[PDB]
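Asker: These are the residues of each chain, in order.
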Amino acid sequence: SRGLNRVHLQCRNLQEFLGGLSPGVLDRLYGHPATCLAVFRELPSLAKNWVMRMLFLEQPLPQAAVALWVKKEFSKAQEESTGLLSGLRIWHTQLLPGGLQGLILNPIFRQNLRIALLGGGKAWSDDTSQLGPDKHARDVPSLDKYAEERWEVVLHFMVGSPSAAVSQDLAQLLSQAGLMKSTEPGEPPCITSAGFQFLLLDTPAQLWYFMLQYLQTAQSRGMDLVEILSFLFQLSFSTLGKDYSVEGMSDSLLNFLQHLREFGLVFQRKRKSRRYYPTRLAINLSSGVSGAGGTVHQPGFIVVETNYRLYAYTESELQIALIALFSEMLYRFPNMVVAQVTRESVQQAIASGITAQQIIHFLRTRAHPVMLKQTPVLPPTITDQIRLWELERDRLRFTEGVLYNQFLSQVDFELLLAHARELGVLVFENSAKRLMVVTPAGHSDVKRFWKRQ
Amino acid sequence: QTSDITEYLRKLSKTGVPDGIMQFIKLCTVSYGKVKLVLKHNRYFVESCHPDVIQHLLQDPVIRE
Amino acid sequence: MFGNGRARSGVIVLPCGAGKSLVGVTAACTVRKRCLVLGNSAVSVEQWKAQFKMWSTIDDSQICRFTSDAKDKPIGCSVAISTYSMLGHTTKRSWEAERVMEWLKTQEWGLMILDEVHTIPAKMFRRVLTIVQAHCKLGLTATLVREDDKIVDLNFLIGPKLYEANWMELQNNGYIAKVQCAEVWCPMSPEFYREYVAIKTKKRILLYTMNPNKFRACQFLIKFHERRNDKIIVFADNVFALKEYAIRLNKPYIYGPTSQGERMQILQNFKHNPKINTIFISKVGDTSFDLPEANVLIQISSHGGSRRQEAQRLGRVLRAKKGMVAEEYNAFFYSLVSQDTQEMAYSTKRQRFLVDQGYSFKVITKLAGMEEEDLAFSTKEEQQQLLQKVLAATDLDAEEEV
Amino acid sequence: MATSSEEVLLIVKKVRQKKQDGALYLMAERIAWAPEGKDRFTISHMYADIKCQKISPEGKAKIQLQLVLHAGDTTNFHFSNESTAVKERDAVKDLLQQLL
Amino acid sequence: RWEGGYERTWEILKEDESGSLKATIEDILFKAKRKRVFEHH
Amino acid sequence: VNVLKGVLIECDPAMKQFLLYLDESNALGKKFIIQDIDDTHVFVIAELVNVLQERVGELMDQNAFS
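Chains as they are written, first to last, in the entry's author numbering: chain B, 6 to 458; chain R, 132 to 196; chain L, 327 to 728; chain P, 1 to 100; chain Y, 10 to 50; chain S, 2 to 67.
Here chain B stands alone, though its shape is the one from the complex:
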């Protein structure tokens, strides 16, 4: 993985991003709309059952009640939830409030935990975004086309803008997460190695990371306003606000609203005001970790006979610019016979990255054609040929460094090897010829240790 492991699982990315935030921002995060998200995104039952324990108990409990609640045949699963206890960063171990090592949760989060489960009040039904009492009365299939257009524009920036001329700043945004790579001889950015896998599963889990990308700056942006705004589209459809958000807003709320609309999770009316309605893709974000859909017959079907892998053709306007972005295949006279002489076109794209797991994922999981009709394994004997093409780019290495030669003793060269290894500037060592490669970044420090020993 090159930057997508934290996207498949949502409960792991939220705990990692929470550890590197400001203490004043985390205080405002502990609200009533955030209580239904730190538990629903989880999966194990042990990490979810401890939330109800800290709600009824008013006094801190020691660790003796925890080591006994596992009875005798359950402490093995207790160590798995130990690392997760520090991920949410909501508990606190005291000294001895009534026994030994008393565990207590932040009372700021405990107050808002009962509002969204048992107790209530009034401010919860007054603020917008989190509520917004408004029904839907607009053509639903007419708005589904705008949800696909928001994601199609992103595809143009990954290729090089073949026919788009919008002013959306989306090329630099995806470059921070390692998805888009800036072209060195030119100026339109291309795509990285991890960007190919995003155009395969087509899951709305990646759009959740794009919303928290602007918050990573930690300058003048708060999380309490983003968390209360992201809860709008999480309630599927029939969750609006008419014009209640217009009266209660500011300059910071309008900035995050324009960026979320361009992602493909919510649709906004003209003039960037009036009534807003979330898209259809936001339903799959709260359902599971992935999803499928978009076809009813699946006309595509590959070949499992030869080795050039005849890719599928004739589908829609999505697979036309998608295969050319992978490795730029070829086409003949009829209905665009793609991938017919794959021998040199694949090696052109592998020279800029080790894109080996994305081609196999696109060859095996493209529309589920062979695994439903046929029975044996989809790839024949190409699993070894693909690995051979990746090893061809390992025959050389373009890196700089300095070499030290002509020593005197053998036991003296072994001491110098530990100097470059601890600092992290050592690449390759040789005890038979007394040779060591040192990167130029730490060249001014290795020469000092040799003059003293």
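Among the clues, some could well be false.
Claimed, not checked - Which residues of chain L face chain R? A few of them, derived with a C-beta cut under 10 Å, are:
| # | residue |
| --- | --- |
| 1 | 332 |
| 2 | 435 |
| 3 | 460 |
| 4 | 461 |
To be verified - Far from chain L by the CB rule (all over 10 Å, computed), these chain R residues:
| # | residue |
| --- | --- |
| 5 | 133 |
| 6 | 137 |
| 7 | 152 |
| 8 | 165 |
| 9 | 185 |
| 10 | 186 |
| 11 | 187 |
| 12 | 188 |
| 13 | 189 |
What the hints contain is simulated information worked out from the structure, not anything from laboratory work. Where a beta carbon is used, it is the ideal one built from N, C-alpha and C, also for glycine.
Start from chain B and add chains R, L, P, Y and S according to the hints.
Answerer: Only chains R, L, P, Y and S this time, still in chain B's reference frame:
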């Protein structure tokens, strides 16, 4: 004849003719031959079809009986 | 081919290790035609004649052989077994070829039985239709195209393509061995690669051919099948290349310029009265007197002029371990191809032919287990002594005529 | 010897049988002509229903093994072992008459 | 004499789309499902 | 002190001599290979990276032939 197999190709495409370039080409080589029988040489008869005989009189019978 | 009383000239596809000369005799009885067998060499004379014994009475009534010095009944029969048109030399063969050509156009004009026409040029086909007035032609060739040509089709003079059989049904029944293709790419030796891009003569062919990294793999493949006492034969296009491959590891060997009396007993030492297991053949001892018919074949060179002759050799040599295979595999087939020697030009074209034969194809670049085996050329000193012998070998060493 | 008819006889691969170069396996107390790489056995018999066996002399170039049954069925076995045939064509004859 | 009957047989088997218009495979399915026997022992 | 700056290139032992043949054939500079560490590590002048890109046309052709 090639005119019979053309109708089966148009029904397979389902409301669509195969372009039209190869349609006018279906008029070149036909089924013709010779048979040796009691005549102790050659007896000119091929198949029960009819387009295989019309396009031949303007070559061999015009120069020799 | 003949199922309505008409002609329909063409070439049919049939398995090689099932009876290529057997379908011609059976078809000659239903067609009811005084056919004429035209073989490709000397081995085709004894094959076609064997089918006229246990199936008809033509062997002792209407038999004739114009080749191999026989001339049995020149007048009174038309069914004969000749060899295309290789019996027509200028001046040297004057009245000999005249009596054969004149007396053939009078009492024979039936079917032109042809076998293995994918390596015969169009110049020989002109002399075939000239010396005989056959009214029909028969094609018995299992290959698809000829001499690996995709821009010029010279098959319209001896019958074009007619019909091909389902190789998936032929292989999964008991007609051909379960060929398991697996390419073996061996690294190039650095001591022999320096002189390959140094000279500009034909001597560099033997450099990568005598690869010590490939010789260790060639000996490992023999040892891998020695414990399984299976019929294995290493193939090689060059004549003086397979000789060293058998003397270093103490095994017999045969090649072209040897002797007719010597190969008469050695050929019987593998099928009739065997005594030797590992034998090395070439392009001469296969379509001359008897078919090899082994089980495991190893290809060393893949750049010779015979880019289509080894296609039919894959079916004739690699025979099954019984004759009526059920549904499991057992036969193996590897290929030794050098690396960084400009050899992939032919190693790529073989993939288009193997996918049509229903054979399993795969690539294995690392044998994984070759170093941990009692083999030769273990040290770097023995590999250096081979350089002083390959470069010292004269290129004139070929036959002895002027 | 342990008076138990031990030591499994020599197994010879690839043996012809009327244009069928299958495989004749010599187990312990019974013979089995295993059809190539399979699990069943085509010609299934034992070391009892075989009357007399015949071989080939030194003058004949061919080497065929004939097993005369009891109902008049004679099945020929043309040897084709490329490894060792001169030393094994007699071993098959010897190990079938010296061990019963 | 095989091609004399094999050529005319393919002409009928190729026009197999005409049999799908008749409700033969559909009328039997609805009648074979309603056959509910009752032999309570 | 005595130092030697270069470009570390990791390769195959059987492929190391491929770049050595170009050293005795190219007449552009004084010497192509400036230092040879082991059978899998060679050096080259840092200002010859763009010049080496021209030799890819003849190196990639024989690479796919392996």
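Asker: Hint by hint, note whether the structure agrees.
Answerer: So, going through the hints one by one against the coordinates:
Here the hint on residue 332 (chain L) is kept, as its CB sits about 8 Å from the closest CB of chain R, short of 10 Å. With a cut of 10 Å, the hint placing residue 435 (chain L) at the interface with chain R holds, because the nearest CB-to-CB distance is about 9 Å. For residue 460 (chain L), the interface hint is violated, the least distance from its beta-carbon to any beta-carbon of chain R being 12 Å, above 10 Å. The beta carbon of residue 461 (chain L) is positioned within 10 Å of a beta carbon in chain R (closest approach about 7 Å), and the interface hint is therefore held.
No beta-carbon of chain L is positioned within 10 Å of the beta-carbon of residue 133 (chain R); the least distance is around 17 Å. Every CB of chain L is more than 10 Å from the CB of residue 137 (chain R) (nearest about 22 Å), matching its label as outside the interface. Every CB of chain L is more than 10 Å from the CB of residue 152 (chain R) (nearest about 21 Å), matching its label as outside the interface. Distance to chain L contradicts residue 165 (chain R) as a non-interface residue, since its nearest Cβ pair spans about 8 Å, not more than 10 Å.
Every beta carbon of chain L lies more than 10 Å from that of residue 185 (chain R), the smallest distance being close to 20 Å; the non-interface claim holds. Once the 10 Å rule is applied to beta carbons, residue 186 (chain R) is consistent with being away from chain L; the minimum gap is 20 Å. No Cβ of chain L comes within 10 Å of the Cβ of residue 187 (chain R); the nearest lies about 18 Å off, and the non-interface call holds. For residue 188 (chain R), the shortest C-beta to C-beta distance to chain L comes to about 23 Å, beyond the 10 Å cut-off, and the non-interface label holds.
At roughly 24 Å from the closest C-beta of chain L, the C-beta of residue 189 (chain R) stays outside 10 Å, upholding its exclusion from the interface.
Hint check: violations occur at hints 3 and 8; the rest are consistent with the structure.
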